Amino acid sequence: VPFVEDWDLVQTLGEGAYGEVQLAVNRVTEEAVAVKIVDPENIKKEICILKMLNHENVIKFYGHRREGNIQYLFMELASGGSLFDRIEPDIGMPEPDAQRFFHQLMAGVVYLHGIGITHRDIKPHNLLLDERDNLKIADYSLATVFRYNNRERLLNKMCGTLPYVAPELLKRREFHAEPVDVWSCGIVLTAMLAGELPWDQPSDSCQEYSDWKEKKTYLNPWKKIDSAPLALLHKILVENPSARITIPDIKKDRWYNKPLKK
């Protein structure tokens, strides 16, 4: 069919130091996708991880064209935008909606950890929503391999977003990849349930993190979170990453399994 190769760029979806993301619409079919446009070794690594992804809760990669030294990355479009924009400041969202998002988050993180990929920047800006509000883990530009040939490799690179980062990345030289992504999913949950972030970073100098370590859940944001999800957060936001709840045990948590949503 002539012209099915052609896509019109119709809306800006995001701009950063990386380049931009454009909503693209096929000239013939009207299929809508997201095109990440960049102006070397890093994009090479990113494309390689992007090709490994095939799950309903992770953004799908359709392939890439280079024109000149400009790379175009075609991927699944999520027409409902980011989870960030469903969170009402100081309120959060309804507990059933939050639980449903957290289920989908866990499904995508399980998936990634299964294929030996860590995301390293899980936050509501990187969690996108399709036309039916299904959650898609986006942005693989910090993702890396933590398991290959069934052997684990420890991480040392400091990266992510401070209010989301686990405390071991601030205190230890090396750390396991999986407890880091689990912690950031906890902060996601807190945000959905409270419409606020609990601390600037999880350090001994941050009074809001000390308050948590001392159990002062009569303070915000914790006082806004019902006892059942707050139990779960007590098991996720544990400072020692070796004692921190794993995903298989999150799937056994009372709140996680509570029926809430129609």
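For the two forms, the rigid core is made up of the largest set of C-alpha atoms that agree within 1.5 Å on superposition. Numbering follows the first chain given and starts at 1. First, how it differs from the form deposited in another entry.
- With the rigid core aligned between these two forms, only one of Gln201, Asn57, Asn26, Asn220 has a CA shift of 2 Å or more: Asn26.
- Once the rigid core is overlaid between these two forms, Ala243 does not reach a Cα shift of 2 Å, moving by less than that.
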The other form holds:
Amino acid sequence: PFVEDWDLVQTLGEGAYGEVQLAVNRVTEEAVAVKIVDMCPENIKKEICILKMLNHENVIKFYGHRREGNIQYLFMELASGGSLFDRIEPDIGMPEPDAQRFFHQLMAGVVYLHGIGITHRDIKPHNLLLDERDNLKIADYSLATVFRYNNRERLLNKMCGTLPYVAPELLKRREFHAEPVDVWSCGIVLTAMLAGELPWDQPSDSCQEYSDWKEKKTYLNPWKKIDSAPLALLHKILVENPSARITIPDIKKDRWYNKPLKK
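Having seen the form deposited in one PDB entry, I'd like the form deposited in another entry now, please.
Chain only, nothing else included.
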């Protein structure tokens, strides 16, 4: 039984749907991340099925799972570097070359997900982890879902995620395309990395900071802290109409995205 093989040392944090712990094996001392859930059978079955699909250098590794009656045990690679959240200095961000590198890696992982028809739905720095060489890994598949199957796209029609990161259409439209929503959250992550603050509580008209952006007041914070090149990218990403929003193929052609900054 689980408790005979593993010791739960501490809480690593909460995901969208549960909580994950640092587990250390009682024989080998191998340290792993474990998500423990007392079975929704329907959602957890879904989370496990997506987890089994994943194989990419910028997505967390899934080791497997154990069911002990009603409780499911999900085992995954521990991120020795902790989270990206912890590299963002409040009100400062991080050095632009470090931000660009992490943004390159984030885009690599998101392209991989979208290419297998999965949308993450909750991209934010808490869910972006780092291995021992600071390679970024997209974690937490509790909200992830299928948006393309047999080459047919399905629109999403459920609101979820985290408000300061969600795209405006998720709050307004009854159904919407999955990919532009993930692209938007990437832009908020990039903003956070370069300014060390979030731009708004949510992207709604009742939020003044979001109105300010739409009116192009980039002389205000956080935008004033961001160099003109990454800012120009952020103007293409944080576009209100998802059909006019930049796609990942075009992000990959952006001037800042291609600027040499780092060894």
